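To begin, one chain is listed below as C-alpha cells, in the form deposited without inosinic acid (IMP).
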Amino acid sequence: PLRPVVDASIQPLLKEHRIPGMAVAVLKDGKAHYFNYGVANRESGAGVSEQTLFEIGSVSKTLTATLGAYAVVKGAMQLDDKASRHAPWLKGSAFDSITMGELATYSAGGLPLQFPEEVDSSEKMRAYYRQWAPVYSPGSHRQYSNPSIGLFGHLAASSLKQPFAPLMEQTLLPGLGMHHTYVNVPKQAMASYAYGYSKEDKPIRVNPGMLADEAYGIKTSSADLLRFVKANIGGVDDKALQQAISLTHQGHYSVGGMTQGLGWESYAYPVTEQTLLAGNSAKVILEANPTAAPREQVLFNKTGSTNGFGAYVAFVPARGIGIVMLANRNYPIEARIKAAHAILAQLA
C-alpha cells in the first residue's frame, strides 16, 4: 500500500545522486513502515536494514535539545539562565549576558557555523568562547552554529552533574527506548555501522571534533529514530521525559516561514514545497538572519549531514504521521525535502 508511494519518491533519488544505501521509515497512526534500499558498506557488501547505523549529523541537535529540556524539567537549569551561571570559567565574558535558550536557538549573537580548526582541546575551547567578540545583540539574529548549540548541550549536562556522552547513552536514549542509538558506537554494534561515501566515492566516517557529541555526533538506525518521532507525536509514559519533549516543540522566533524551537524547526501544515525549501536553504543555513516573532497544524523537521551521510526527519503530530530518511551519502538537502514532502502529502 505505502510501498509504491515511497518507491516512487525514493528510487529516482538513489539513481540521480548515486546513493549507496538509504533506510526510510514512515509512521502513520501508530504503525511503523520500513523501506530499505541498497548497501550500507560497499567494501563488506552489507545491505541496508532498519537496524543499520547511520551518522545523522545535525539531526543530533534535536536529541541535544531534548537533553537540555530534560535539565530544565528537572530544575537543574532554566532557558533564561545566563550561560556563565553554569560555567564558572565563563564569568566575566560576553556570556554573562547571553542565555542558555539563546545558545540553544543559535541567537546568542553570531557564533559561527564551526569551531576554528585550532580549537581541538577543552583548554582551547574555553579560550575560544572567552575571546569571542559578539557580532549581534543577543536574540536579534539567527546564525546556525555548532559552537552555539554545542555549548548549550555541554552546560546542560554540566547542570545535571554528568558528562554529556554518558548522560545521553545511559539516561536519555534508553529513556526514549533508543537502545541502538550512540554517541560512541561500541564493538558489539560496529558490524551494524554503515560507511559514508564522499564526492570521491571513498568510505568515510565522522571525525572527532570539539563538542561533536553535542552538535553532530549521533549514530542511529531508521527504527530507533522513528521511535523518537513516535515519542514526539504520541508521547512517553515518563512524565519528565514527556515534558522535556513538549518543550522542544515551542516556537521561540521565526525566520521567514520557519519557526525556531529547541532543535526542531517548524512550519504551518499543510506547507508548500517552496516554504520548506526556503526554510532549509543556504541563506537560512549559512547566513545570519534577523529574528521575528514566532509563528502564531504544525510540521516539525530537522536536516543533518556529515561528510559521508545525509539525514532528514519530518513529522506532523496533529495528523499522526512522520518520516525518517537516512542515507550514506550527503546528497542535496532540497532533494530530501522534496521527497519527504511528496510522501507525507500522500499520507495526509
Second form
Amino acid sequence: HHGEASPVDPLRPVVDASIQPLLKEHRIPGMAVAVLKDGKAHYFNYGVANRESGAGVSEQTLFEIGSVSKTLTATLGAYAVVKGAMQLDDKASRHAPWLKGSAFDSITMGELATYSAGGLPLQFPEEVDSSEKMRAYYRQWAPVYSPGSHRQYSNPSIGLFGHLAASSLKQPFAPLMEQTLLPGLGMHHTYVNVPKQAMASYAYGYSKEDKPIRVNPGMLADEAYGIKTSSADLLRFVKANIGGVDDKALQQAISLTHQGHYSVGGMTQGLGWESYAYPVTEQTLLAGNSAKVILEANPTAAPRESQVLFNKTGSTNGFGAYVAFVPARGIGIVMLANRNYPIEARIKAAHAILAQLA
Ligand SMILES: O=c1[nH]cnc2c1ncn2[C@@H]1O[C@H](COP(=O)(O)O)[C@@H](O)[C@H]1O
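Can you swap the form deposited without inosinic acid (IMP) for the form deposited with inosinic acid (IMP) bound?
Full assembly next; the chain just shown is listed first.
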C-alpha cells in the first residue's frame, strides 16, 4: 500500500508491533483488537473473518470467545446473589431437587463457580450428551478432593453454577442472558445463540488444518463457553467492569465478580475473572495461565487482599480470545482471533501492549 496515508491513531504503532508478528507466526486468518485508554475505545482489525466471503474483520465481527463466556456466566450468578435468589454458600442441591442425596448436598454454589468442588474434570465425559445423561453424571460423581481444597478448572463445574443460578431466577439460562444480563451491560451485539439477522457478522474459526469450523453443541455449552461477541461489545463489558452500569443490581453483581476467593501462585480466583497484583511480571501472568494451572489440580491458598489486573482466556477448536484490564489505570485490551493459537502468545502480546498504555 505504498503512497496511502497511514492511519492517524497514535496507538496503532504499539498495537501493530505486538499483533502483526503474532498473525504471521501462528498463521491467524483474522483478529479484532480493541483497546481502552483515557476513557476512549480504539479498534484495530486484521485479516479476514470468513475466507469464503473474503470479508475483513471489524469491531462488529462476531467471534466465539470460548471460556471468556465464564465471566458473563459468573456475572449472571452474581446477579442472582444480588437479587436474593441465592447465596454463594448455599449447597448446590438447594437449587436442584434432582441433586438431593448426592455429594452436591455438601458442595456450595461458590465452590462450583470457582472450580473447587473437589475434582470435577475439565470436560464432561464424551458419553454425557443429553440433559438426562447429565443429571445421571452428577448424581454418580465421586469427589476426589474435599470441597474448597483444590482448583481443577472445569466446564461441568462452572456450567452447573450457571445452570442452577438461572434456575434460582426461574428462567432458562440463554433467555436470561440475552434478555436481561447482556442488555444491562450494554452488549447489544452479544449472543448465546446468534440470530438470523446477525449470522452474516459471525466469523468462521479455522483449525490447524485450516478447515472452517464453529463450536459444537455440548452439555452446558451456553454456560461454559458458548458466547459469541464482537471486540466492541467485549470492550463495553470491560468498561462496565471499570466505571459500572446504570442497572443497580447489575452494578453490585459486577463488583461481586471481582472479589477474591483463593489464590494459586500469583493468581487469585474471583467469580469468572482471575486477578493479579498490578503491575504484574510477564512470568507471573504466564504462570497463572499455564498448562499446570489450566489442566491439573492445584491446592487453594489464601486470596490476595482486596491496583489489580483482571483477565480471562477463552478458546474453542477454531477461536482464541483474551481480555485483560486494569481498573485503577483505566486501561484494557480485548483480542479476538479465529484461530486457537497458544495462550502464551496472547499473554506476551497483551502484556506488552498494556505496559505501553500505562
Ligand atoms: O479438553 C481439553 N483437554 C486439553 N486441553 C483443553 C481442553 N479444553 C480446552 N483446552 C485448552 O485449555 C486452554 C484453556 O482454555 P480456555 O480457558 O478456554 O482458554 C486452551 O489452550 C484450550 O485449548
